Amino acid sequence: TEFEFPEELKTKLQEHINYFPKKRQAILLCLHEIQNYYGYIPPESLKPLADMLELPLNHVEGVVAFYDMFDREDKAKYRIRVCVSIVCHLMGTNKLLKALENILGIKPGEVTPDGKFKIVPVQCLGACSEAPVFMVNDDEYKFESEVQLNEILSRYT
Amino acid sequence: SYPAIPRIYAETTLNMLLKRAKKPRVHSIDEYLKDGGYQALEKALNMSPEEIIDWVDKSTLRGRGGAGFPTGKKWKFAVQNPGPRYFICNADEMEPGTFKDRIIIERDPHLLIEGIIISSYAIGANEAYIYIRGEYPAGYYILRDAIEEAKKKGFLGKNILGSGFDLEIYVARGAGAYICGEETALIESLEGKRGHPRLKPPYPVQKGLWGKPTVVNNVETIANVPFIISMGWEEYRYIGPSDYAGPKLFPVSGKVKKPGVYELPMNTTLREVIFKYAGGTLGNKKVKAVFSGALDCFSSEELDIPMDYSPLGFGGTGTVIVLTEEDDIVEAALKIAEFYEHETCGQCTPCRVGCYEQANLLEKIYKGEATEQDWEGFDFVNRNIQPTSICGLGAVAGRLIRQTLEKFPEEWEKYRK
Ligand SMILES: Cc1cc2nc3c(=O)[nH]c(=O)nc-3n(C[C@H](O)[C@H](O)[C@H](O)COP(=O)(O)O)c2cc1C
Ligand code: SF4
Ligand code: FES
Ligand SMILES: [Cl-]
Ligand code: NA
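Protein sequence lines correspond, in order, to chains A and B. Under the authors' numbering, the letters of the first sequence match residues 4 to 160, in that order. Under the authors' numbering, the letters of the second sequence match residues 3 to 419, in that order.
Every clue listed holds true.
Coverage of chain A stretches by chain B, computed from C-beta distances (three or more under 8 Å per stretch; other residues unrestricted):
no.	segment
1	22-34
2	62-76
3	92-104
4	124-136
5	142-152
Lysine to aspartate or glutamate pairs mimicking EDC-like chemistry, simulated, CA-CA at most 20 Å apart:
no.	chain 1	residue 1	chain 2	residue 2
6	B	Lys195	A	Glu57
7	B	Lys153	A	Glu18
8	A	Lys98	B	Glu333
9	B	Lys36	B	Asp147
10	A	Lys26	B	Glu170
11	B	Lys366	B	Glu333
FRET-style restraints, in silico, Cβ to Cβ:
no.	chain 1	residue 1	chain 2	residue 2	range
12	A	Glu149	B	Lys369	24 to 30 Å
13	A	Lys25	B	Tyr4	24 to 30 Å
14	A	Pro111	B	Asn269	39 to 45 Å
15	B	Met49	A	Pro24	24 to 30 Å
16	A	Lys25	B	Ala6	30 to 36 Å
17	A	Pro111	B	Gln388	28 to 34 Å
18	A	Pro24	B	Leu163	19 to 25 Å
19	B	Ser3	A	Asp54	32 to 38 Å
20	B	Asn269	A	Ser157	48 to 54 Å
21	B	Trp414	A	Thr160	45 to 51 Å
22	B	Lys288	A	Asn39	46 to 52 Å
23	B	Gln388	A	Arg27	29 to 35 Å
24	B	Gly164	A	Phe6	47 to 53 Å
It should be emphasised that the hints constitute simulated quantities derived from the structure, not laboratory data. Ideal placement from N, C-alpha and C gives every residue a C-beta, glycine not left out.
Bound conformation, chain A alone:
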């Protein structure tokens, strides 16, 4: 049957849509919410959302494709966004990636066998003074050492 949103999701989506003066302005908050729920943007989920937004599907797809943050390719509970830009690279992005490889056994762009962690190479995260920087979903941290990183990641279950 027609794919449909769980009500604990559809409630939030409906809230986002009513937040702005025009429904269409909600598209990015809906996608953030959809990816937060599913661990990725299910292709199946865009048709219902287009209806919800009173926008064409091809518009919605075109938007998903354009924005780096949205992934319709790979599922992951937790996205380790690793900053690879100028400052983080100078201050030891590599030692962070090395530690991530050692602990999780995956390189940038890859997902752990349990689909728990995906490492995502991103541009500057806006905490250059706390370099090298990474996020674990919404949580943002300075990398200090492998032992320090191992402890943080233990907090994600």
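For chain A, the structure is supplied; the task is to place chain B with the ligands on it using the hints.
Okay, now just chain B with the ligands, sitting in the frame of chain A:
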């Protein structure tokens, strides 16, 4: 309860934008009000919109977002056009080294909201927007909750403090396009479309959000507004040099002992920023070069320049990335090339191919896989990104890298071999 944020070091000599934000925690409305907050708003709502515009103009407040456009004048241009109008606070950061705006948003959200309300009232906007990057979730939730705080204290909503002025502030989110920081693209995203900039003119202050006069202003710009109203434009123009007056946030990063955001006046030298305030270099290694975000490159011989918007001044957003004698200038330029590779939106052909190929060939140069044609090609591509570009990204993608070829040729020659 908000997500984890690293506690960037903050230090001020003026005790204005960072008076609260120097302490690395959320300051909620009762604290803001206790430092006399929203009193500038009360004062402003008892002046006419036109007189606020005058004060902001006489202040000499300039855009903090990298344009250095005189803020008072931007507002004048907005209000020449018929209402209704919209005020947008550019919460998008993206540019590397730049983390000044996040410490206002995350620590003193109310300074920003007060700024947005006064500025909105000045241009007669009854609807305002904060477009905050998606990599700032804490800032998103902190702004949403802090706006709710302002609503309940009756600073937002309809007929605010019996003034007759209506304002809602809406918080939209990015999803990882840098170009969404360029003011026309930001509006395209707010309208629920791809972050593709518009051909100018029309300019936003004439045709912007749904073709209505639109003021887009940087987080740091809007943060200055309450001070101008509260202190008076005379007392504000007294801070630092009269021609580029007021407090400035300098995000300092790289090989310095005390990296963080510094609130200084703009007659501070780039040497003062690094060595007096930022506590000098790591290992006291000689400074090699300073990168002004992804915009410019200054050598160790240009440290004596003011941090103001003047021609021979530092300018930009006041972003200071410090490299020492032991840092590869080429490897650095590669990482600036790779930034512009990712963040060209691909509308304009020289920019789309130029930004990508610059990075592709420089990567080959850096790895010692470059043919002599890839070298000649890298050089040509770099000087041919600007042509046809309808926004500043194409104009600047090759700028920094060119300066490094000019100022450090010996280090680039190491890579020719
Ligand atoms: C490609 C590009 C990206 C930009 N990104 C940002 C940004 O992240 N933040 C910002 O405040 N201004 C950014 N700007 C500058 C804006 O075009 C504009 O100058 C600014 O939003 C106006 O604020 P101001 O008057 O306070 O300077 C960018 C400009 C361009 C061309
Ligand atoms: S110059 Fe580059 S980033 Fe700017 S609109 Fe053209 S293609 Fe997009
Ligand atoms: S360079 Fe990594 S956060 Fe900016
Ligand atoms: Cl104040
Ligand atoms: Na964005």
